[PDB]
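Below you will find one chain, with nothing else, as structure tokens; this is the form solved without the named molecule, and questions on how it binds or moves follow later.
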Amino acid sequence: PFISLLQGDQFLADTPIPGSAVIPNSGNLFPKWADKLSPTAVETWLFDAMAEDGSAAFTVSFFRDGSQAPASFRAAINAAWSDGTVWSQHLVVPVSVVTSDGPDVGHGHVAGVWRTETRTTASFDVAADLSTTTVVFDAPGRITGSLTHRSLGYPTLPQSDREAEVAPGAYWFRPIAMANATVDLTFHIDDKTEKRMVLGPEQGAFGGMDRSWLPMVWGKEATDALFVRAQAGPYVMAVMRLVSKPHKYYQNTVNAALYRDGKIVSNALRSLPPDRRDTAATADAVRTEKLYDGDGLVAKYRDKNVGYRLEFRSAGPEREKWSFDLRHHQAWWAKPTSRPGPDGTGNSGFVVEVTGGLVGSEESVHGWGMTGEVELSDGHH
């Protein structure tokens, strides 16, 4: 059984060593820095869930971040309730181990455990099938309980290095694009008060599993990082969009997908200038545009946006375009990503209300989703 075990005080490499290669048609769930972690790399395993009506939302990211050494191993957790409660905490642990069962390192049952050797355990499990996941928390006085996914089998796996990229040589994609989700969690509201979050298997709760690794930290490559997961009528959409630093001229990159009743209708690996709204389509693409007009909570940091517009394009024969407005409905989290002031930037999570549909039609669907809206400084020239 393949094992990547990082612990103690010597897990970090001395130089930024390379990570192992993209495996085509695989979840790529085994760590790319298996034995020694590069000091500028970060690996991410993301699992999330939300109510189909936006009444609850949950996300956890399991991190191995070399640049945060010694505190490199983190389970970052955010939760939101319809009544206004929000809950955000990092579980920082000294041990992160990931195993993969089977002869094929790109196609085996995977288990991750972020843990102590107070007491903290946070773990995930993914079927070799990618058919199911289980996430379990055991952190007394903070969070306990589980999340599970049952995959709906949407097409999603990258067939090449290019399809796995979210930017050149940086990777973010979705080994499970869409899943029936359950949660059964208990949170300690430290304001000993407990709060429950329960989403059962027949309530239409949904979520996905996202996988990322970057040889270089985002703080030095991006000025903008947008995450989206949303569902509206037949449509399911998921986005990770990057806008680079000025030294690369605000390169616009994305790894995104739009589905209609489970069929992928835009394999969007091209991110368009936000002020275009034309009909050109030499490839599937998505346009992400900050919205400032109309309904929605106003974000607090660099950009005072009330939401985002997502316009998907298909290069298929019918040349369809879909447009959705994702408007800030509930402020989930909000954290500075720089010192305050005129150049100040932030990291904001929202539950969003979703409207829109097929352009040129009478379609007007309605739904719910989440966004993670990250801003980073423009840097020194």
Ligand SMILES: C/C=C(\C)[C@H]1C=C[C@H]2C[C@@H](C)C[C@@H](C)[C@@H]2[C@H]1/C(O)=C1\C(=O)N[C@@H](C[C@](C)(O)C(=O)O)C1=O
Second form
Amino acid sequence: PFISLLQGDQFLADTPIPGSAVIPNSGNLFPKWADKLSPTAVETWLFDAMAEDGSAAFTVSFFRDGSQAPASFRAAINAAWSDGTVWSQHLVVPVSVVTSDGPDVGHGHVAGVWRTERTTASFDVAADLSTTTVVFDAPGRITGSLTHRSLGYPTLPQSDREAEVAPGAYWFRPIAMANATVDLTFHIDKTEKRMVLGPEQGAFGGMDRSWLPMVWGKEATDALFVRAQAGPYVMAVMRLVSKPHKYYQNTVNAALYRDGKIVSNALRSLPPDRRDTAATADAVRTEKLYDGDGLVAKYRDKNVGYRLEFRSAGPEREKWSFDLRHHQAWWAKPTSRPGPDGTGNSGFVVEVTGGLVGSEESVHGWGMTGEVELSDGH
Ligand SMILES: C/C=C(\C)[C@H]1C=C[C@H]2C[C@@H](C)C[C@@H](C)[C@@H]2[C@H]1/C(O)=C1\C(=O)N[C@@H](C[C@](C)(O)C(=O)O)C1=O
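Cool, the form solved without the named molecule is there; where's the form deposited with the named molecule bound?
Then the entire complex follows, led off by the chain already shown.
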């Protein structure tokens, strides 16, 4: 069994060391810093779920973050209920272990455990990526499980370029789209609250995988996470805008599906003020929305949502445009000291409208966005 076990107080490398390479056509779920963790690296395993009607949403990111040592191991959890309740906590643990069962380190049954030597948070992913299980055992905070049943959407990167969300930085989706179940109990500051999404309620989610050998905050001014479903469309986005020292490089790893077929493999992020028909490659344009309905974000950008315009370089030259409008404020935290330069990290449940450009299509759905703002820097 391949084992990456990070524990104690000597798990950090002395210098930034390289991580292992991208494995083509793989979830890449086994850690890229297997034995020692680079002090500037971050590895992320993300699992989420939301109700098909936006009545509930849940996301957890399992982190190994070298830069925030000693507290490098963390399951960051966010939960939202349609009645307005939100719940956000980190489970900071001293042990993070990931194992992959089988001879092939890129295609084995993976189990991750963020745990004390009481807090247990664990994930389990089938070797064929068909299913996941996430289990929380954190008495007095969160207990229960999340599961994914993959819908089998094409998703895996076939090359280093397809795994990138920016040069040398990786974010992609080992499971693009899954039927999600949730059966969780949260302790609200002693009161308990349930979140239950059964296997036939149309709740959906995915599994995202990321790793970076550099601290990403020093490289970006903007990060946008999206997962949304509207009618036949499923869309997932990780878009980065760099710092001004790289001239606001616009990068993305995104995908649009229609009835489970990938219709935009969007590894190109377009200038937000374009709305043209050029398409030499599949692409997505992310544009902050300020007009119309939607809760206004609180920090640097007072946006009511985001427009996502996907383009296909396929022969039909289709474009799809969706408006993702802030429906429920999920989380909101500063990413800098307050004031005129202040920035933030905001999560929303979004209402989704739109469809194929040039058609009568007008679909309706729900999703989540994570909208991160970072300082422009000296
Ligand atoms: C929901 C997903 C995101 C908000 C990601 C957004 C952009 C990513 C950039 C990428 C390169 C690294 C990765 C770690 C970031 C990810 C990130 O910033 C996360 C994430 O995965 N979970 C949250 C955790 C959160 C809200 O900050 C918290 O609960 O404290 C969070 O802020």
